[PDB]
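Asker: Got chain BE sorted already, so can you dock chains AA, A6, BP, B3, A4, BY, AQ and BS with the ligands onto it with the hints?
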Amino acid sequence: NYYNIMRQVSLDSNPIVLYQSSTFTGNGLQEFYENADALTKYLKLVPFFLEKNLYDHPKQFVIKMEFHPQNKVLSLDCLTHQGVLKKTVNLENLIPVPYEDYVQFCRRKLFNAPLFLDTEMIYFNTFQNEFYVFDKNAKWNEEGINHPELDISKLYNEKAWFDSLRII
Amino acid sequence: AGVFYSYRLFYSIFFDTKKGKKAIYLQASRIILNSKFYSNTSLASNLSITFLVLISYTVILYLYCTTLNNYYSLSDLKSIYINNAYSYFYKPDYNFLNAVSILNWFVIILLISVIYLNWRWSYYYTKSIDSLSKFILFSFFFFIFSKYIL
Amino acid sequence: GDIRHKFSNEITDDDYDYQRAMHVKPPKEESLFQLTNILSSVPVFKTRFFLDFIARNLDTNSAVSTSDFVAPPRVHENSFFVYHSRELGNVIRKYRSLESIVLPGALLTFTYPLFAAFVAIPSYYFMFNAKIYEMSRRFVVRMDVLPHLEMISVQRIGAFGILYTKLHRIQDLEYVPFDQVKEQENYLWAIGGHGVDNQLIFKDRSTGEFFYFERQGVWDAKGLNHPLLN
Amino acid sequence: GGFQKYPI
Amino acid sequence: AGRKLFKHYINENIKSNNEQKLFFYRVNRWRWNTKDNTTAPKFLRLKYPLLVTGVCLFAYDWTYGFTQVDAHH
Amino acid sequence: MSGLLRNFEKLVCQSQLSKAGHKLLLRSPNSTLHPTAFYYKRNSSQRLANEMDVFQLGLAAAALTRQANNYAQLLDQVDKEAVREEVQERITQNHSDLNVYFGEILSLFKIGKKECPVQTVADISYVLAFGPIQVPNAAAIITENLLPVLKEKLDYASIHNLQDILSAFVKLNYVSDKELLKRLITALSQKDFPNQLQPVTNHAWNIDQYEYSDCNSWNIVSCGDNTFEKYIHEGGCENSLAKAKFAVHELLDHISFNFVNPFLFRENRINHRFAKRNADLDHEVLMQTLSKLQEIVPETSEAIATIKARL
Amino acid sequence: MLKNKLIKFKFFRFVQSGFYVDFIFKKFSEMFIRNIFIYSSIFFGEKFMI
Amino acid sequence: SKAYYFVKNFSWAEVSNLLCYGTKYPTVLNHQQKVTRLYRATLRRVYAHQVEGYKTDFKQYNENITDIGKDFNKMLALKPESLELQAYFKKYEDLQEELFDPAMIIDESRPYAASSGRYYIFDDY
Amino acid sequence: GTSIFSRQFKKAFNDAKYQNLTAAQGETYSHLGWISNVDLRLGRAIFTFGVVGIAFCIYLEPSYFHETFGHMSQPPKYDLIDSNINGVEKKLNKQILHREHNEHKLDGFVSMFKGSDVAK
Ligand SMILES: CCCCCCCCCCCCCCCCCC(=O)OC[C@H](COP(=O)([O-])OCC(O)COP(=O)([O-])OC[C@@H](COC(=O)CCCCCCCCCCCCCCCCC)OC(=O)CCCCCCCCCCCCCCCCC)OC(=O)CCCCCCCCCCCCCCCCC
Ligand SMILES: CCCCCCCCCCCCCCCCCC(=O)OC[C@H](COP(=O)([O-])OCC(O)COP(=O)([O-])OC[C@@H](COC(=O)CCCCCCCCCCCCCCCCC)OC(=O)CCCCCCCCCCCCCCCCC)OC(=O)CCCCCCCCCCCCCCCCC
Ligand SMILES: CCCCCCCCCCCCCCCCCC(=O)OC[C@H](COP(=O)([O-])OCC(O)COP(=O)([O-])OC[C@@H](COC(=O)CCCCCCCCCCCCCCCCC)OC(=O)CCCCCCCCCCCCCCCCC)OC(=O)CCCCCCCCCCCCCCCCC
Ligand SMILES: CCCCCCCCCCCCCCCCCC(=O)OC[C@H](COP(=O)([O-])OCC[N+](C)(C)C)OC(=O)CCCCCCCCCCCCCCCCC
Ligand SMILES: CCCCCCCCCCCCCCCCCC(=O)OC[C@H](COP(=O)([O-])OCC[N+](C)(C)C)OC(=O)CCCCCCCCCCCCCCCCC
Ligand SMILES: CCCCCCCCCCCCCCCCCC(=O)OC[C@H](COP(=O)([O-])OCC[N+](C)(C)C)OC(=O)CCCCCCCCCCCCCCCCC
Ligand SMILES: CCCCCCCCCCCCCCCCCC(=O)OC[C@H](COP(=O)([O-])OCC[N+](C)(C)C)OC(=O)CCCCCCCCCCCCCCCCC
Ligand SMILES: CCCCCCCCCCCCCCCC(=O)OC[C@H](COP(=O)(O)O)OC(=O)CCCCCCCCCCCCCCC
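Chains as they are written, first to last, in the entry's author numbering: chain BE, 22 to 189; chain AA, 601 to 750; chain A6, 22 to 251; chain BP, 58 to 65; chain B3, 11 to 83; chain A4, 1 to 311; chain BY, 1 to 50; chain AQ, 2 to 126; chain BS, 6 to 125.
Chain BE on its own, in the form it takes in the complex:
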């Protein structure tokens, strides 16, 4: 029996950028519209947003991810059919999932996904029962991801990672 107890975390002063999508690098849906690559990727994601809405598939396309080691919280900028939204996640609630697990979570046959949706790097927030999907055409901060607080030696839990999400 796992209970969703909230700890009332807050952001720190200087975050460390870990993820930065090469596309959508600009700020604002207006900038995405005016940029050629951003507009086409947004159109390709329109079915992704449609799946979010009508198929009740909890997922988010994540860009510009930052990390706060002082409080151990990830700040994610997510792109939705309406614009860019800011979300906060606790490392204790974040676990990795296979792409097939992400697909099988939804009971509706998802539309044929685009080729820029990174299938390997799909993560799952257990507190929100949600999926985070990153972009293949992106840049990862090696020094940021090699932070001690992000190490599996500290963030690893067999029961949570392997037995928490049993889709069947």
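Simulated from the structure, these hints should not be mistaken for lab results.
Certain hints may be false.
To be verified - Capping the alpha-carbon separation at 20 Å, the derived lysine-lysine pairs in PhoX-like fashion look like this:
1. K203 (chain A6) with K75 (chain AQ)
2. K622 (chain AA) with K91 (chain AQ)
3. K17 (chain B3) with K727 (chain AA)
4. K73 (chain BE) with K107 (chain BE)
5. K178 (chain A4) with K292 (chain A4)
6. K10 (chain BY) with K91 (chain AQ)
7. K180 (chain BE) with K15 (chain BS)
8. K107 (chain BE) with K85 (chain BE)
9. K22 (chain BS) with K618 (chain AA)
10. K47 (chain BY) with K203 (chain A6)
Answerer: Frame of chain BE; chains AA, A6, BP, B3, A4, BY, AQ and BS with the ligands shown alone:
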């Protein structure tokens, strides 16, 4: 009772969680077996079943045309007892037409039970209830539009 | 381990591509008739009219949760929240709301409302009442604590989706082990008790009313650690 | 599928 | 004031869950592989079968559809 | 959350909810956050002390005292004697019930069962001051029974409880503990008033989603309207229309308490209609108490000024 | 209906066993076989009567 | 195990003894043998009914096996001549009887099972 | 040393979440990577045949729908022959046709009721 056994057999055999011994699945999941010839059954068996189904459909349709059609073309049965049962197949009355609906809706409720009823905890419990609500409301609105609003 | 390459007439992944409809594999290429390809190719969807329609006429980002910590509005100026239900509460609300549309609509639309009622009665008594309705009646949408009264306010979904709150004294709350109720309500827990926690059932001794808490419900650490509840 | 063959 | 309540029983349930052995989970992990199992609606696809059905119904309408009599009731 | 051809400007953003101390108040239908009428038993098969607690008895006594005071105001502002007989009879019944309940409370305190919430202290204080029954020594009982409980649980005190406690102390001249009075004043000043609180209501079948709204939500479980006050103000027994309206209201209340609340909402505790607090009367009493406290405790002038500003 | 005894495994196996009809018939058939084919026919018949 | 419960005219008591313990006379067994065999039988039956069953719930299976394991650890700790141990044995024998399923799956690797003797193997003679 | 968000570790976890730990490394996979091609083709063919049959039943034999849900609104079906004539001619002919249709319905009803004794 037909609905329950059909559903149980089909679902439990095919689409239920893997309950069989690990060997049954592993012995057949080996990558070396991946081939154009790969199959866990026989091609002759598949063809035999397919032809049996096709011929059964054709013969049943032929018999239905012979007997249940407006023009009765079945051969003589050599019996002089007439039951009058064909009267309720040719010109059924409102009473019988509405009576059959009772069994039809009983079967419908049983289908809904065997489909949307949860016996085990799952990640999809809440979404399953939500899907049931969506189906009920959509069915009501679809019936409204079909009968009245067109 | 794979030896398909050793033969020229052996099946290929190009031959297996047709199974992607019935088999889940990561995308390889985009067909000309995919939704993504159509939207990215047809210049009509690039029009600012269509873009603005997408931006406005759909689910808003405002309602999207933005953090793992939630502080719902206080029920009373002096109370503090402890427990709240996220998804099962909304599902139960939407299900019970059907009684405000389907039922009057059924009465005014069905040719035989008595037939509909006669079919529904046994349906309710078997496989529906215990399935959803009793669980919803005992379901706790929200729980707050009023310290001046030393009471707990519990919000519940009523008939037709109406929400009502009731007060219960902390001194009248007891823990009911699941073993004492499993045999009494086997059917309820068999078909409808999966959403709520089996081992975290409480009841009010004075009123004899149960409290079911959602498994996927948010609890407040401060609320749990408050001395009144400990 | 079938039983293992044995000498007759 | 020394009263067993939500926090106490939540801790009890957490302790009970932690007392479980991971041996059974480890041996049974293979059963719930997502790469190996799906749902009946996903497996039974009606996209192209419905297209063939539409072709057949169109052929019927334009061959025998003319020679049918309306039955109003 | 979800909509078509709609704008969600009035919707409450999840950012505020994620933030702490956002000063948002929830108004929901059929909300009963005050336990008045829960433990009001007109007829008791046994001694009320045996079955009920000091907290329950104090709630009942406070409700009865408020109703009796309101009916006394009705007597003062009514002229016709025939209509006044009903008001007098209701006041007599309320006084008898208050006397028995308060006697039980005093017996319990004498026995030694004193642990109770802060609202119990507030209710006992409001019964001692502004109550019909007179006690030979209210200060002694307040010091022995309510004072330690108030000192221990002052933090849990609500705005209404603090106002009632201050008013009762001023009325009874129980201002010996200047430190305690200052503590109450500063606690009241720190409290947050409905003027600062921002009401919200659930949105489109969604429990999580809230919208700003200035309209009170319907509450059939417990109605605060004072049907008897309206009936006395307009016409009365003589007026046939007023009599018919009051009879309909009483029949509706009886039907609710007896069939709706038990069957619907599963609540049987509520059996008597108590009118909601009069905002004008509360404001006047609070202003008078603040004026008295300004003279009594000079060092709390800034606190009183801030309280008045927030009000 | 919150308490249903038909979902319990006792009723489940009762129905699965074909209502115990085969078991009852087999027990009665055993009684008939033992009494008629051995005790009455062989021993009482062949050993005593013959 | 010979899997001959439904053959050879076993009485109910004998069948129950065979199911709970491999022997028809559990008195011959010692304390450790009794406890271990009963634990194995209980785990086997729980696995049959809550893993390889109808819409099985794996979380409930885990909780049930954990409780059974704790109880059997306590049983093994307890002395052979204890009314508490006798009560535990009676409880789990009753559980075995409750979960008893006519036509329960019998593995093909056991004697007297379906397909056990379909073939006659010829000897070198 | 390794940390989450590492591509190699993520791939390892994705491949190993549902592995068979009792098997040797490199062969500890449980999923089937394909589906029998010939079996799937034949199964889809027969499934399509069954779906076509069900749809033909739905279309040409709506008796189940009629007796389970009732008669739904019928899409419009009429001929524009009457538009050939215009004016008083059209009005009078339309009225005559309407009267004839009502008389025909009544004639059918009375004939059905009367003809009970036709068969001697
Ligand atoms: C001027 C231009 C005008 C354009 C007008 C356009 C109008 C469009 C109206 C669309 C109406 C809604 C359609 C919904 C379809 C999906 C339904 C569904 O799955 O729900 C059940 C769904 C569960 O089902 P599921 O299987 O789990 O769903 C998985 C996915 O849906 C994944 O689903 P799936 O892929 O498994 O199957 C879904 C499939 C369903 O499709 C069907 O069933 C239809 C089958 C075909 C019928 C054809 C009839 C007419 C022709 C008859 C035959 C003529 C023969 C002629 C002679 C031929 C001679 C050879 O969807 C379609 O209908 C596809 C369109 C058909 C394309 C092909 C048609 C034939 C073309 C000609 C032949 C060539 C074919 C290709 C080549 C073949 C090989 C050679 O339940 C839900 O939960 C539904 C929730 C709501 C989802 C809504 C998503 C869409 C939202 C759209 C919002 C509005 C957007 C407006 C944009 C406007 C821009 C301007
Ligand atoms: C050419 C132009 C067009 C021509 C005309 C035709 C046009 C219309 C074509 C429509 C084609 C069918 C579309 C099906 C979409 C299914 C997916 C979907 O929409 O999801 C949303 C929703 C399901 O939501 P969900 O989140 O997946 O459900 C949560 C579960 O926990 C999730 O379940 P789980 O994963 O935990 O596992 C349990 C599994 C259980 O699934 C099963 O056991 C069977 C699954 C079959 C999948 C569909 C394959 C195609 C068969 C139907 C072909 C069309 C027939 C005509 C339909 C319209 C009739 C008005 O659950 C399901 O799969 C339920 C979804 C399937 C609903 C449809 C069932 C149809 C067969 C009836 C039940 C058969 C029971 C015996 C077993 C069958 C073999 C002996 O779909 C529904 O609307 C459910 C309705 C259930 C009650 C239906 C009662 C109907 C009674 C009146 C009609 C009677 C005649 C039809 C049946 C005759 C016997 C065959
Ligand atoms: C693996 C899957 C396995 C299978 C899963 C299946 C899932 C579905 C399960 C249920 C499906 C039905 C199963 C069969 C019934 C089982 C019943 C059962 O086990 O109960 C045992 C239970 C006792 O054991 P327990 O430990 O308390 O059981 C726990 C409770 O079940 C716990 O109950 P509770 O405390 O939660 O509250 C629920 C309560 C309340 O629940 C309900 O009442 C359920 C709703 C009942 C609706 C019945 C509709 C019948 C259809 C026609 C009427 C439609 C409406 C039309 C409009 C209104 C009328 C115009 O339940 C009951 O009291 C028992 C249910 C009613 C059983 C009635 C059985 C038939 C009675 C005789 C025939 C009556 C029909 C007309 C006959 C005409 C002549 C042939 O209750 C009973 O004793 C059963 C009834 C015994 C009847 C004895 C003979 C009659 C008594 C004298 C009557 C004298 C009348 C004099 C009139 C004079 C006029 C002048
Ligand atoms: C022998 C005796 C037999 C008796 C049989 C009796 C059968 C008839 C039963 C009648 C049931 C009446 C139900 C009343 C529902 C409202 C109850 C209530 O207070 O809920 C408030 C609830 C909740 O109120 P709330 O105050 O909590 O919040 C307001 C709403 N939300 C939650 C969204 C903010 O509100 C509603 O549900 C409003 C419903 C309004 C519409 C009601 C009628 C819809 C159907 C119309 C007819 C059918 C369609 C026609 C289409 C025509 C097209 C051309
Ligand atoms: C009068 C008192 C109040 C009665 C309230 C009405 C009953 C309770 C609510 C029922 C909601 C579900 C309505 C589904 C309507 C489907 C279309 C239809 O046939 O309507 C006309 C018909 C009736 O309209 P009719 O009377 O004009 O039909 C002609 C008469 N028959 C059909 C008998 C020949 O609807 C029904 O028959 C409904 C029967 C009662 C259902 C009770 C609940 C069980 C079903 C669970 C919900 C999901 C059902 C999904 C069905 C899908 C299709 C098989
Ligand atoms: C002499 C007269 C002969 C009359 C023959 C009448 C045939 C009646 C068939 C009734 C339905 C029974 C179907 C049985 C199974 C076969 C169908 C099947 O398997 O469908 C699944 C298959 C596939 O099912 P699937 O969904 O599993 O496949 C998906 C994978 N891919 C994408 C690769 C197909 O359905 C289809 O392929 C759709 C076919 C649609 C088009 C139908 C018409 C084809 C016409 C071909 C000839 C054109 C000649 C042109 C000449 C021009 C000259 C200039
Ligand atoms: C090895 C291969 C061998 C050859 C393979 C051949 C394949 C099968 C070929 C079938 C050809 C006939 C198709 C008939 C279609 C249904 C006609 C009908 O509804 O009858 C109305 C006819 C017209 O009757 P009526 O209008 O004169 O009067 C009926 C009388 N009342 C009104 C009282 C009912 O009705 C009947 O005769 C009764 C039919 C009952 C059975 C209905 C079955 C529906 C499903 C049809 C499945 C068809 C096969 C699968 C799809 C094949 C696609 C190519
Ligand atoms: C002759 C009656 C015919 C049917 C009438 C249907 C009326 C539906 C509207 C009911 C409105 C009041 C609800 C009160 C809820 C409550 O608090 O109910 C509380 C009551 C009283 O408490 P207890 O009986 O548990 O002690 O509980 C009941 O069980 C009695 C009332 C049952 C009402 C059930 C309503 C849902 C019916 C569903 C039909 C089947 C599904 C149909 C498709 C979705």
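Asker: None of the hints should be skipped; say for each whether it holds.
Answerer: A quick look at each hint next to the structure:
no. : hint                                 : result
1   : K203 (chain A6) with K75 (chain AQ)  : 25 Å, violated
2   : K622 (chain AA) with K91 (chain AQ)  : 34 Å, violated
3   : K17 (chain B3) with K727 (chain AA)  : 29 Å, violated
4   : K73 (chain BE) with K107 (chain BE)  : 17 Å, holds
5   : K178 (chain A4) with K292 (chain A4) : 14 Å, holds
6   : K10 (chain BY) with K91 (chain AQ)   : 19 Å, holds
7   : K180 (chain BE) with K15 (chain BS)  : 17 Å, holds
8   : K107 (chain BE) with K85 (chain BE)  : 10 Å, holds
9   : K22 (chain BS) with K618 (chain AA)  : 16 Å, holds
10  : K47 (chain BY) with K203 (chain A6)  : 62 Å, violated
Figure legend: structure checked against the earlier numbered hints; hints not met, in rising order: 1, 2, 3, 10.
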